[PDB]
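Peer 1: Here's the letter readout for the chains.
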Amino acid sequence: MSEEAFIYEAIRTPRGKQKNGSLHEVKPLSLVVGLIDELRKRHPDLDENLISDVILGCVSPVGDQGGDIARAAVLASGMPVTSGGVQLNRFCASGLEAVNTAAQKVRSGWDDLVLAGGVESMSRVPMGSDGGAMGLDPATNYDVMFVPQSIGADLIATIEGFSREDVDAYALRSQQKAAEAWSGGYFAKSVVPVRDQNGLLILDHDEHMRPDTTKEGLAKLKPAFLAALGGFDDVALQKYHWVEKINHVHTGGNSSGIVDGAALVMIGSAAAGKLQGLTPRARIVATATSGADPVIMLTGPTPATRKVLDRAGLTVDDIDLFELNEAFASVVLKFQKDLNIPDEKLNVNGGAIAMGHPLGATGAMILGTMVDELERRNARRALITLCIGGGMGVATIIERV
Amino acid sequence: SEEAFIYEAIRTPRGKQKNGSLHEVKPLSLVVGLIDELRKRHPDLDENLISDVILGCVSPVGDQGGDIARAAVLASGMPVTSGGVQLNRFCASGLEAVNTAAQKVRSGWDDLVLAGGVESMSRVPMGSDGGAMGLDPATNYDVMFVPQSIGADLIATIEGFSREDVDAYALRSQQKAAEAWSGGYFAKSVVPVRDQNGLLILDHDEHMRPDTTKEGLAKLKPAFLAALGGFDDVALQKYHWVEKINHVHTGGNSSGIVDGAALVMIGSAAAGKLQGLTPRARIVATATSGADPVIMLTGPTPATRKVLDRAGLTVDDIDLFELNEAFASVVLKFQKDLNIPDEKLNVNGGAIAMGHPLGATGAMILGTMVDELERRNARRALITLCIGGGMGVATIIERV
Amino acid sequence: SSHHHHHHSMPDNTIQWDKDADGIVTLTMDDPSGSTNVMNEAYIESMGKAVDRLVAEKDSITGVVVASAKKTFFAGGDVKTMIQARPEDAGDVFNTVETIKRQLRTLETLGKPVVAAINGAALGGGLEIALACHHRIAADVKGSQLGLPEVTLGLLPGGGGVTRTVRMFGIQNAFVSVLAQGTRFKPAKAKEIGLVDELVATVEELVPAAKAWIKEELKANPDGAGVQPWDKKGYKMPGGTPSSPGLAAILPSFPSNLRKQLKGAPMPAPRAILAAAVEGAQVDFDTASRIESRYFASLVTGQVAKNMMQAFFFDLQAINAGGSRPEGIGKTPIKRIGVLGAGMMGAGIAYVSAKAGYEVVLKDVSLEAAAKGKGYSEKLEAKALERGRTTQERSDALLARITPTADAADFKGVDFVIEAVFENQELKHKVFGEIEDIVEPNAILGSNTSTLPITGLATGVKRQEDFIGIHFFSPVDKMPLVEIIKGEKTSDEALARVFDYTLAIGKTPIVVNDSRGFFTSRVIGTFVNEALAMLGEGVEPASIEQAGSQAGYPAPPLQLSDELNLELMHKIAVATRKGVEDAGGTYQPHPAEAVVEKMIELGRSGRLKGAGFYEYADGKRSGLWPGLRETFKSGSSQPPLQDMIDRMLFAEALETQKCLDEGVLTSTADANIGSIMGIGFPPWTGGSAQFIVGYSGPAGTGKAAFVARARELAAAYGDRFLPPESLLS
Ligand SMILES: O=S(=O)(O)c1ccc(Br)cc1
Ligand SMILES: O=S(=O)(O)c1ccc(Br)cc1
Ligand SMILES: O=S(=O)(O)c1ccc(Br)cc1
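Quick note, the sequences are listed as chains E, F and C, same order.
Each step along the first sequence adds one to the number in the working numbering, with nothing skipped, and position 292 is 292.
One rule links them: number in the working numbering = place in the second sequence (from 1) + 1000.
One rule links them: number in the working numbering = place in the third sequence (from 1) + 2000.
Source of the hints: derived by calculation from the structure; they are not laboratory data.
Wrong hints could be hidden among the right ones.
When the alpha-carbon atoms are kept at most 25 Å apart in a straight line, the in silico DMTMM-like pairs for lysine to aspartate or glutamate are as follows [unchecked claim]:
id: 1; chain 1: C; residue 1: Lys2263; chain 2: F; residue 2: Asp1342
id: 2; chain 1: C; residue 1: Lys2260; chain 2: F; residue 2: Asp1292
id: 3; chain 1: F; residue 1: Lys1306; chain 2: E; residue 2: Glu48
id: 4; chain 1: C; residue 1: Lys2428; chain 2: C; residue 2: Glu2368
id: 5; chain 1: F; residue 1: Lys1306; chain 2: E; residue 2: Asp112
id: 6; chain 1: C; residue 1: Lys2049; chain 2: C; residue 2: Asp2012
Stretch by stretch, here's where chain C covers chain E in the computed footprint (C-beta under 8 Å, at least three residues) [to be verified]:
id: 7; segment: 177–188
id: 8; segment: 195–201
The C-beta atom is built at its ideal place from N, Cα and C for all residues, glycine as well.
Using the sequences and the hints given, assemble the complete structure.
Peer 2: Next up, the structure:
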């Protein structure tokens, strides 16, 4: 507690879509280096030798994203060779796990100023390219009762009773709040456009957004576009044996988009911030990690959010803003139902359904989003949490400074 | 803040690459075997206290992909709240997992954490994950990429280590490893690998060639991604004063390609008293550093000075030193720069004789120094590893 | 989204449209503003109209044939526009090549067979057009070449040349054999390597053969007709993609090998070609094509491209266009060529004079020792017959032109004399005064000298108006430069007759006024002296070699010093000392001469003696003499490597400026070509004169930054780096 972790910067790239995406020609290493160079523009006279480590989350660390891409970004960007570099994978919360670990390392007293974030080029490195123990070990797939996150979301909507209209009503709500935040200029300072080697613009906006979404168009969609293979409905029901039939309510219009993107967060102690002349923007109050049943998989944010509230000695009302990655519409609807979250405090600037879910980089993106929305509202606290494959959960409370 | 102690530290034997005993074992089971051994040692342990499982893996692909730490948590039947995260910092992945676990406990927001590594190099070879610095010419060109094998030969050329100087060390590592196995130094921490029926697969480090002779090492031919043109001329473009690289490293004075895994339990003092566990060693300090990426393996030298500076200690106060034996010239330069006594360095042999399971070597040479500090009744040890890309990690522990 | 360069609110038309009764459209290219087809603003708009018309009429078109109405097929682009592209014009450069490739991509995915009728040379933008077609037929006509030589101008094939070759031959083969060096192929070699599918005899049977292939392709292969292999469902790239386990094992070795062949020289074109080749093989053809454009725009706006386009296009044309040729003079044919002297230099002169269809009269002393000169001509022809580059009829008529002899009377008809006996000014005077009366009054009397002035030698002839200095390089069969030294008595006609002779034997001529060391030998002296100066100052000899190779030189300086005897350097160091000490002037010795004399005192004169800065066994170079570091206390002075690279490049650049100031060189085009092809000045600079106007460093870019860096070197290494007043205000 003696050394508190602060957030000095939090930037991210625009999220390019999967098919005909604008970032498909850009290597995921180039996405991280651009964010490093942007932090150089904002602080040209920073002693980068104070930067002790770079931590990047990545769920598919193979191919373009293999070989410790955090260390490749340190060398390619020209940072001091002493600035470390480590890649970690905790599925969808790899970006937030990097921010939390960088905060825990600052508190431990053995790190002064650490960069943390994530990168994921799902159009170049599709999800599942990194192999996996499941499938390559049928004895393990059979024993743990593997069910992909798509069915788990449909199972949550069946148990809690979320209709197709209920999940599509949230999808439209996420699209509307994203377009209002964008045209309002909320993301002007954080979304660093991507440029080529000649300076030409490649992308500057979240192109997965469909701001002209209507209730009727969301009803014309079709569900579940691995999930279309047989077995997973029966495997999930053999675990949740009281459910008779799974209602498939999720489509590409109410599920998180497959996008490319990356994000960076500069974290350091109060002493290091004064040494380099940096102004802190937020404080890492508490971090927590828990998990829920591995078959429904997506649940897990709830016991982790409650764990991070008890660690910081706070309640739901003490937290001004709540931010949960919109992997699926029913997951956020259950999260609001369990902890009784007001509508106005939940994913206020839209979420992954409209702008995308760059797996390894999402945790660092939505966190940086809450840093801006706290300053823009002059609010105090915010709670960031993510559902994770396998059944895990990660939460983090930040307080505006 | 809160102190982080080591309560348990075990590791599997290391099976060799060519015709290895562990080739048929999935790298997930190498970890699940070690989790079941911890359970056998502490049956009454409440596993809901274990808040994370942090495993190092340099080639997280295929058998080692999909967050093998989470697969270890689920397959072993651990509580589903016990997390599971894989990381990758090249050779120091095994030590960085322990350092991160100790740092998470020091921050206070974690009580009891498992940390370790795993690398089945006979099933998932090195560089199987692709890589950005390698499989992209624009970066390979600018950063002047060069393998560790070339950088190790360049260290021998610059420092004057002859072929006999590095082969004399490999003999010393073979002898200290054979003498240590005979005295049963490893009988308690080396958990033999078994199958689903209880049959023995491997109970010893089979990469060891204990009958190595100075004459036999001389007949080995130098193995210098090498044997592909370019990397000799690239290194000399940055080290322009050196004229030719003296290729002194062979397969006998370099670390061995092996399969293996290691596990280290770490927790606060309150987590130990509450679970009835005996703290064996205390993480005193850690450090991260690095050096030129073309020489690569000179990162342990500033990382050891940075960690001795944090603990407020000196080379004299460290009873045992433990540097990973990736290449014989790297350990010799480390001994020369810091003037390390000869009888303090890699006292139980190193990766030249037993092997270098990349992502798990950090947690193996740490658990080795916990065993030795107890057996010698000594006080402090220092563990460090050279890293590809020119990094370095070091850790100081103290017996309790 | 458009096929045209503009899309808002008047050039010529290049392409003719011919559809026949079958439905085969014949696109014949014919640029009315030049005898060669070229990729300018007219073509892009002309092909835009043709491609748009192919789509709107596709329901009545069966196939397309692309031919040219010129003696060539297609060659290059508008260099006068590309050399002006600025970094803020990268958006325009990007859009232009994207427009060019969208045209070829529509033509390629037309659903109908497209055949290229290559009637002649197809280079650069020409082969890139033919590569978009599905079939290629070339005529085995004389003078026809095929290749992508954009890398020789600091560029890359940006019209699909990289994307398609890497896709036809794989990453490694396309880069090595076609892209990295821009190798030019004759049609027989092109059909073997895969660039060309069929061959015909004359250009008359090209369009009929192209239409005959379209008719057969539609019958036998009706589905795959007009479909390139990479647009098929089961395409597999040769050698595999970067994802293939076989290629990803050696893929990291490609950039390291490129740093070996370039020795670390700052030449960014092969770097961008290798980067666009690999990154392109990871994605689809259309995304790969756009990555190619971004790397292309990165080179066009750069300075290294502007340096090469200046030297290898504009400066080389102005020389071959008769710039240094005296005005108005005509030609006098060279009937018989008397090559006095038959040594190493004398043999090469007679060979290239015989390979140009001129009669040679080789003359020397010993008919036995003068047969080695013709034996050198047969050693080459026998190697050429084995390589298939010449025929026995072409090889016998060549040796028949050479008339080895030893009689002075066998000069009744000779009107051109080259003396390459050996070097001694007094001995030269007497041997010259022999054939002057035997030859006709219009007979040139040349001389091959490296440093001895011509005007002093010209006194030993009556017709001093025909005494000239023709300086060849070793070996004469391969070296392309010929330094013509103009004396005080040489007339406008006698110089022009030598200028015409050089172009006839296929070499590059530069005209130089009489001076000590002239230009080539004088500038190359400052390069080696600056390196030996660094060796005496205490710099590591390995660092000196790495500085010379990473600067872009062909041979490192200390190595080059052993190839031209150190005592030969000492002799010139005395001839120059006697030269200044006779005009009432004192002589300041270069600090390198102390190193030369220290090596000569030690008995290490270079390669001939068998010991220099390197050691020599088995005729090959072993390594640096191990006692060299102890002799000159190497390691005491450790300057940064960039200062060593600049000390060697600035010494030659400032010496070139002193030559242009003293009237030694007339134009800057000769200074660039003379430095690039004569002494080996790095091609990325574009010449020792372009290096000044095209300098680039932390001090900026241009003549002003060059002066700043030259003064920065002056304050730390000596006042020989202070720039002349001609570069100042
Ligand atoms: O900008 S244009 O499309 O008119 C153009 C530019 C350079 C060249 Br070479 C050809 C055409
Ligand atoms: O902007 S320019 O008109 O100078 C231009 C130059 C080269 C190319 Br290719 C395209 C355009
Ligand atoms: O024919 S070349 O490939 O050498 C070529 C020349 C000029 C330009 Br602009 C482009 C290409």
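Peer 1: List in ascending order the numbers of the hints, as given earlier, that are violated by the structure.
Peer 2: 1 and 7
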